[PDB]
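First, one chain by itself: the form deposited without the named molecule, in structure tokens.
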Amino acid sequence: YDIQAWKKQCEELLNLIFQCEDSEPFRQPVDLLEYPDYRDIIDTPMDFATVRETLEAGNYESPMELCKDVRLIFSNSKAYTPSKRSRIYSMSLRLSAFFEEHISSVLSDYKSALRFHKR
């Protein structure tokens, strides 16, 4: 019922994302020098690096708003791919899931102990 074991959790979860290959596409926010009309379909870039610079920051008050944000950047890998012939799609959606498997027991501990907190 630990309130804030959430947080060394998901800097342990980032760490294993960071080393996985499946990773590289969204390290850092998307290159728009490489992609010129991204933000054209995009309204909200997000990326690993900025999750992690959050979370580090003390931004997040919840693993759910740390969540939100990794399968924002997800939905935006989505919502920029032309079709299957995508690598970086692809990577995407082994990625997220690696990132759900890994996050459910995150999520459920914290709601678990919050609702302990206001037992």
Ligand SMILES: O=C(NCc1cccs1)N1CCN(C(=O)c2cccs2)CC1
Second form
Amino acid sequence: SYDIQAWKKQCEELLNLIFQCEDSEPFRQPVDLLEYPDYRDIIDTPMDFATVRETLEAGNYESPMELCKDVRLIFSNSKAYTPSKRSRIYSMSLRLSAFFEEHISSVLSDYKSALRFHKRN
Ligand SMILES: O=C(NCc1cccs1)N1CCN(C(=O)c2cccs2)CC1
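Given the form deposited without the named molecule, state the structure of the form deposited with the named molecule bound.
Below: every chain and molecule of the assembly, starting with the one above.
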């Protein structure tokens, strides 16, 4: 299965599944600083799933590795902001991260395979 472009619709599909997950609701849109006044004291690079989807649709990811780096930044930001391991929003982030990693694994493998096939000769 050596389609070099197939990752993009695979990632669109997976973002749709994440948007249906109730566990995504806190990560769908950029954090509001009015409610979390110290957020940008703690977090150097905000990220959210709507920014990921818009970057993908704009044609501003070159690979699924770059998309995967931004999604992993959503989850590291939640871990860095949480006052506790037992927090609601952080707990939601851990379940959504396990879901995302379970699904992205084959997207990455198929892409890297396709690129190696393209450079086989
Ligand atoms: O306010 C937002 N994002 C927008 C929306 C929140 C809910 C509906 S829309 N967040 C998400 C990212 N944050 C965290 O990960 C953590 C907070 C507590 C421990 S971690 C900060 C709060």
